[PDB]
Structure formats: C-alpha cells, structure tokens
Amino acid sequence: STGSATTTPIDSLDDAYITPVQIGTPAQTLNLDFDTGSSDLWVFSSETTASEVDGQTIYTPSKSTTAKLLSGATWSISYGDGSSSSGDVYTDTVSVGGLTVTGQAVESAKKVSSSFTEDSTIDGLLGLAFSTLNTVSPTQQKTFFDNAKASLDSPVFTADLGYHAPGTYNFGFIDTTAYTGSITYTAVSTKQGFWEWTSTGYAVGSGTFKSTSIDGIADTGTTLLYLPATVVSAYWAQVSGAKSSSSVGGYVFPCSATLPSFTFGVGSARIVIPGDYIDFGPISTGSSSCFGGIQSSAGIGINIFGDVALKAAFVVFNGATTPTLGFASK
C-alpha cells in the first residue's frame, strides 16, 4: 500500500504545516501537525477541557463506531518549546492520504497548554519519530508509520515541505518526479528516539564550505534551524545590523536586509537554503526588526534541522531494519 497527502503552511511564515487525517467511522477529518521529532498521535477531542479549545476541530470518539477505549492508558508529553498536553487513549481507524491503519492509538487530549489553545489551525500532532519515544503508559504505543510499515510497498515516508506553499507527505514510495539530481543517504542513530544524523558541514552565502561534523535531528515539527553558536554567529555576521537579542530570544536583523543563503552538507552533497527562507518577519507587528530563521541550539542540548532546512530538500525517512535519511535538492 501507499498514501499521499498534501501538507499546507498554517500561516504566511510557514510556522508549521497541517495535513488532513481521517479518524474513526464515519471519518472525522482533523488537521494534524506531522512531527518527525515526537512519537504521539494526539488530538483535540470531546474530552478536552472546554476553556482550552478555541476553534480547533475535535475528535469525538463516541461518534465513531470503530473507537475503543484503551483501558487504563494515559499519556502526557512536553515539547522542546515548553508546550504540553495529556489525556487518555482510544484505538481507532486512521487514514492518511488513502493509507489506512486499523487499531491506531489515538491519544485524546484532556488538557493542552496555552500555545495549543491559541493556535486554532492545529487540531493535534501525528508523531513520526521512533516509537520508543511514545508516552503512553503503561503500555507504550506505536506510531502511525510503525503500524503501517509492514503493509507499505517500501518501508519509507517522505517529507516535501513547501516554502510559502503546500507540499506533500508520501508513505510507502519515493516520487522520483519530486526532486532533482540524486538522493544522498546518510546514517541515522535511533539511540535518542529521533531521526538523528550527522551533517558534514556548512557554508554561508557564496563562502567556502567548512567541513565539520554537526549531529542533529530531522524534525518537521520544529519551525527553525537550530545549530551550534559558532555556526550561527558565522551566518549572522554576514548580515549588516544583525544581533542576538536576549529580550527577543534570538538573532534579529533589519527587515531591510537581503539575507544570504545557508548550505548544509549531506555526505558529499549540499543542500542550499535560500536566504528568503531564513526571514521570519517582524518581531512584532509593524517592527523593522525581523526574526531570524537560523538560531543557536546552545540552550537546547541538540541541533535541530527543522522546517527551514527540511523545506529546501526532498527528505526520505527510510524505516528499513537499519534506518537512514535521504536528502535531495528539488
């Protein structure tokens, strides 16, 4: 089997991407944030505290003839941005782009933190990291990809995120029309539960490439590109007036600037992020200070190849017995 679904930016900045997902019988379609940095499929629901729901579409398990309470199971997750959610668990039928999994754990939120409530466009998350990170207790649950894998034509999914435009998540096949050149594959460590890999270096604009190993994670659920402070300083030093602002929480730059590109290495190959992809707009409405799309990972503990980086590539998440990642230009 295969599936193919369009993923759409939630706003004009590509702050996140939503993909429609069918849950239950008859189908209830929710727009979920596909997140290769986590491993829980959770949704706003009829169980979510009413004051914490503000415009999201909810899953109502009592209206699904295939929903079954997973008795005793609870979940609770905290994300790198400080947001969180928790609740109980049902199993139900879940379809993405024509690919159907029966018995998928659907984690129903009883509580969500303010950032989720405040984002009316995201109805939940669909985790695509390794199932070892799933938070369901006492019986850990499998991701949608893990449950689908055996049925897929090939044990892979691909992320093709757009810049200020829709893109595609495919399951079970590699669309050879969706990229240019060849796909370069690179090793993955699953030891932390992430799609963790080592970039071979970087360049700023037209500058020379610096060969240096950068371990990080391919994370569709993180907006920006978070890299070591040395790398980030070298980038912003090429932008007149750019500075790190403790009050804003990262590097800002004059909105009048033209940003240089940023290149990252995948083996001997190179992925070029155009400068425009690094502009996240005014820090506040009407400001002439703009927020940078490349930020330091120093306070995180891990480097994160988020959407800023991934949207410049066609990315293969290869879930073979030994997983690997593939990157192609597009």
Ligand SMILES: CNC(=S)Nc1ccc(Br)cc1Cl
Contents of the next structure:
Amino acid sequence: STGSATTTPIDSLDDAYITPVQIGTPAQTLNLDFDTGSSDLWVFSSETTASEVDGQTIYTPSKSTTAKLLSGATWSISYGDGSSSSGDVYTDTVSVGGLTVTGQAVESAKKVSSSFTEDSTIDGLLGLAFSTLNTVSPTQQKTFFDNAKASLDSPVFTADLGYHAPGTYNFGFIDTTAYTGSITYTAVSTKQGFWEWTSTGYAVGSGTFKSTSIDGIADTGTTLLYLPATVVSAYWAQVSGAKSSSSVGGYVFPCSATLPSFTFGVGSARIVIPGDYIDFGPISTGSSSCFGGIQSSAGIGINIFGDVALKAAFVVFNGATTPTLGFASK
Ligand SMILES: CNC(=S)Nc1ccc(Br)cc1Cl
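Starting from the form deposited without the named molecule shown above, please give the structure in the form solved in complex with the named molecule.
Below, the chain from earlier opens the complete complex, with every other chain and molecule after it.
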C-alpha cells in the first residue's frame, strides 16, 4: 500500500505545516501537524476542557462507530518549546492520503497548553519519530508509520515541505519526479528515539565548506534550524546589522539586509538553504527588526534540523530494519 497527502503552511512564514487526517467512522477530518520529532498522535476532542478550545476542529469518539476506549490508558507530553497536553486514549481507524491504519492509538486531549489553544489552525499532532518516545501508559503505543510499515510497498515515508507553498508527505514509496540529482543516504541513531544523524559540515553563502561533524535530528515539528553557537555566529557575522538579542530571544537583523544561503553537508552531498528561507519577518508588527531562521541550539542540548533546513530538500525517512535518512536537492 501507499499514501500521499498534501501538507500546507499554517501562515505566511511557514511556522508549521498541517496535513489533513481522516479519523473514525464516518471520517472526521482533522488538520494535524506531522512531527518527526515526537511519537504521539494526539487531537483536540470533545473531551478537551472547553475554555482551552478556540477554533480547532475536534475529534468526537462517541460519534465514531469504530472508536474503542483503550481502557486505563493515559498520556501526557511536554514539547521542547514549553508546550504540553494530556488526556486519555482511543483506538480508531486513521487514514492519511489514502493509506489506512485500523486500531491506531488516537490520544484524546483533556488538557492542552495555551500555545495549542492559541493556534486555531492545528487540530493536533501526528508523531513520526520512533515509538519508543510514545507517552501512552501503561502500554506504550505505536506511531501511525510503525503501524502502517509492514503493509507499505516500501517501509519509508518522505517529507517534501514547500517554501511559502504546499508540499507533500508520501508513505510507502519514493517519488522520483520530486527531486533533482540523487538521494544521499546517511546513518541514523535511534538511541534517543529521534531521526538523529550527523551532518558533515556547513558553508555560509559562497564561503568555503567547513568539514565538521554536526549531530542533530531531522524534525518536521520544529520551525527553525538550531545549530551550535559557533556555527550560528559564523552565519550571522555575514549579515550586516545582525545581532543576538537577549530580550527577543535570538538573532535578529534588519530586513534591508540581504541574507546569505546556508549549506549543510550530507555525506559528500550538499543541501543549500536559500537566504530567503532564513527570514521570519518583523519581531513585532511594524518593526524594522526581523527574526532569523538560524538560531543557537546552546540551551536545547541537541541540534535540530527543523523546517528551515528540511524544506530545502526532499527527505527520505527510511524505516528499514536499520533506519537511515536520505536527502536530495529539489
Ligand atoms: C512554537 N514552536 C515552534 S518550533 N514553532 C512555531 C512558531 C509559531 C507558530 Br504560530 C507555530 C509554531 Cl509550531
């Protein structure tokens, strides 16, 4: 089997991407944030504290003839941005772009963090990291991909995120028309439950390539590119007027400035992030100071290849017995 679904930016800055997901019988379609940095499929629901719902589409398990309470099961999660949610669990039928999984764990939110409430465009998350990170207790649950894997033509999914435009998530096949050149594959460690790999280095604009190992995670659920302070300093030093602002919480720059590209290494291959991708607009409405899309990972404990990096490539999440990651230009 295969599946193919379009993923769409939630706003003009590509802060996140939403993908339609059919849940239950008859289908209830929710727009979920596909997140390769986490492993819970959780949704706003009829059970969510009413004051914490503000515009989102909810899942109502009582209206689904295939929904079954996973008795005794609870879930609770906290994300890297300080957001969180918790609730109970149903199994139900979940379809993405024509690919159907029966008995998928659907985690119903009873409580969500204010940041989720405040984003009316995201109805929940669909986690695509390794199932070892799943927070369901007492019985850990499998991700949508884990459940689908044996049925897929090939045990892979691909992320093809657009710049200020829709893109595509495919399951079970590699669309050879979606990228240029070849796909370079690179080793993955699953020890932290992430799609964790090691970049071979970086260049800033037309600058010479610096060969240096950068360990990080491929994370569709994170907006920006978070890299070591040395690397990030080298980048912003090439932007006139750029400064790290403690009160803003990162590097800012005047948008009258021209951003250089940023290249990262995948084995001997190179992915180029155009400078335009690194512009995230005024820090506040009407401000002449713009927020940068490359920021320091120093306070995080891990480097994150977020949407800023991934949307510059066609990315293969290979769930073979020994998982790997593939990157191609496009
Ligand atoms: C909130 N944390 C991250 S990485 N990203 C982000 C920024 C702004 C909006 Br609106 C939504 C998201 Cl998901």
